[PDB]
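In structure tokens, the next block holds one chain alone, the form deposited without the ligand.
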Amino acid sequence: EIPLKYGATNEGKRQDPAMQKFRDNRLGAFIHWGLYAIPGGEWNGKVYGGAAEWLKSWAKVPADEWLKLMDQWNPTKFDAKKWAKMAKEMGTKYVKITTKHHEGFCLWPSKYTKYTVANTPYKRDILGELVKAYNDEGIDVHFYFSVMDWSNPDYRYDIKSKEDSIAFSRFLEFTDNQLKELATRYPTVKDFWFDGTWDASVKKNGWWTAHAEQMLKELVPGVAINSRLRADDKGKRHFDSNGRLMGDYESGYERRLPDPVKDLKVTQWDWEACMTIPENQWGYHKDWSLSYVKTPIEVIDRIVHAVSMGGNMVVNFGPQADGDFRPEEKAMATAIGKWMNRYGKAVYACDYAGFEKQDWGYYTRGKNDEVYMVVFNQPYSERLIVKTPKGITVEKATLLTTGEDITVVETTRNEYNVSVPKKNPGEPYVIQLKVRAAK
């Protein structure tokens, strides 16, 4: 044991109702919207292939010049009720919103900086309008917040002098002021998802990360806080020097989800994956031809994959500068929503089933011992192999959508063939099992 003052605080999963709600929600959307939506990956005639929200860095734009994009911020198509309707129809139970990205532009009218929505042609408190509209649809709101801030000259990437230490202290106070403002202006917030916490300056100030978590939990009863915020006494991030998870859930798995055979460890803690539709664009980029763009079934596979391993999945959107969504994103949301409306019983409030992984897809477990088979890969054998844990038997199989009884044949001591449906469903589909555990 390495002794720590700023390491993990929870032992095991939180089981208070707020955390149960965070978990049971399962499917979220992410909104990345900020000044980067205006250039959309292009600066002075060059389209950069890096993530659009990082364009200030790719194009080496000075802060004053980047922030003058505020003069063009006028999203006349924006309508928070329409955004909330889109999220509702997609089947999302929560939305995570960039309150302030690395650029430092605030989507709420902060009193601690001039680089906010208030000082644009549009003027309006976008964040506040979204909170109200999503909440009116019964959708929880989570806040993304970047610690690293390219607009504040007191930020430091490392501390190499007393002057650096004094500036950075002032920067942390500024950061606390904005966080307290968010927590109090928008008291229905359910989560803070921190980013921009990897620099040496932050790692040397792990105490601040623990303080931020505590401060926010005191202000917002039941709030969740991601692991990415947290550094311990030694600068170790996410999990402390004793291997214990910090914050309330592990944030990670953006590129690649946990392996269903080799990464079962993740079932021991809450976790949340966030995903882009293109390979690596979070903010609006005008050219999606530059990388692979996932199809709706590919996304749905990832959503179910996460739930099957006890995690949440969040699908990212990068709204246009005008305040509408691009056609690919409207199509995505609509397709997901159609599938979730049919099959969402196997997603919402579901978790890891404790069954050996099979090639046809994923198992999920409901709150009343329902075991769902979510089939993505249809066997030419017309048989879906089910190997049960010790003491577990399959009593019935039912096609979720129609109630069709599905034949179950015992093939060996711990294995069955569950028949595919009489008619190929033509899309990923669910068979619900009734199982019994030996007394």
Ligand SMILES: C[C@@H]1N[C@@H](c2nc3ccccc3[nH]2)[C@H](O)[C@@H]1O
The other form holds:
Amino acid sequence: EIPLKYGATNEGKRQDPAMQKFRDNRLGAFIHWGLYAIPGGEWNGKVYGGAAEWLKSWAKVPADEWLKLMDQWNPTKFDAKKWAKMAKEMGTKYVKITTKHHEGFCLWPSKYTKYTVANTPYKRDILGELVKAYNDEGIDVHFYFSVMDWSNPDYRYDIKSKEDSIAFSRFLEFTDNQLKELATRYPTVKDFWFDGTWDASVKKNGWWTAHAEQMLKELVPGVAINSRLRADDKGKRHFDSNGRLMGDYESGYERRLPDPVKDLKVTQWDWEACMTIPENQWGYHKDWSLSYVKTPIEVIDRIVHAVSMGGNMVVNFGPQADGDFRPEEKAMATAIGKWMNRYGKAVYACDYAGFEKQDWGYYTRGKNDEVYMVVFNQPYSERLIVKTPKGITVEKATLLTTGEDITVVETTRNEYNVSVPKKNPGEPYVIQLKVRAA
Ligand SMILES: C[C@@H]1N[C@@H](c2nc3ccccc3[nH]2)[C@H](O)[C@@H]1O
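Switch from the form deposited without the ligand, shown above, to the form deposited with the ligand bound and output its structure.
Every component of the complex follows; first up is the chain already shown.
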């Protein structure tokens, strides 16, 4: 039904090695760094509560005046090796980096616009330095790219005339030029994560979205492309008019994750969630008292939740103007890293286990049929309920960290009580199950 020139291309999950790597990585970090870091949510004595990276919009700053922030771009504390070390110690396996946000300032020295790092006091190719430094630590790099661009007067939100259609065609060619540049200048890039593709102008030019995906896949072998890029012949986004996923993975969940009981459909495709530490700040905002700020355990909960349902999780950071990270973000990265060093066998290279969800936490499945119980909510009963699928039995339980044997008691036909450890681990913890299928 509904025939389409620009609808889905993959049927089912890609299983080539590059997609396996994307998937197995599981845990990433996001970097939102751009001129917005300089004002940090404040303009002319007013602190705006909205997302800092959107301050141009909240304070109604004309482009030319916003882009003059370039004269203040001088992050003297920037050190790409230090950033890569922070990422490595956090336990991230990849980093997604804002190459260009809506504002249109480029973190690489683009030859297609003057609004780049090259034309700042700092001069240096930030994106290039990061690529090298993260790659040297064995960390994959993914590129965020905003199609919407507030610095280019050829951009259009909608096509309402011939003059608009011509300006927008130029814009699309400009866009292609930047994308080709990114793909050829940084050939180790593993993914392009598009944003700012929701306007009517883009929805009417589905053909371009398909072309952008194909173009990049020809330039970068095995590259992944997110769903958000893609609009079909009819302007339907992410999933085409026949309900098929466009791009290589679904990129949708930001505020909330799929429901572990009601949204099991997501296990059928690759997907990646991205999350902020405050409620809704991606770029650096100077005042984190303005909204709820997640604790490390709340973030770890979300990371395991995503992997338990077959998805990746990416934790966002908004570096300071000076090129260092704020104390709250250093604390977060360090806490996550300490937990991942202990428990990361239940995260990396893991996936949906096919077990009925229980209240204590989440299951994940390893590559050799290990089933991990990740416990976030400790039962006063001191018993962790495990209901197995038809034909599956539990043969052993072990505490991950110490190897100590944990008692498993059959309670009914398809159900066990797995005891909690003899000593309360004092933090979310992992019990590994050995299971057998009839
Ligand atoms: C990953 C996130 N996507 C950007 C964005 N643009 C939006 C436009 C409308 C509503 C929400 C938006 N989030 C945010 O600035 C951030 O980059």
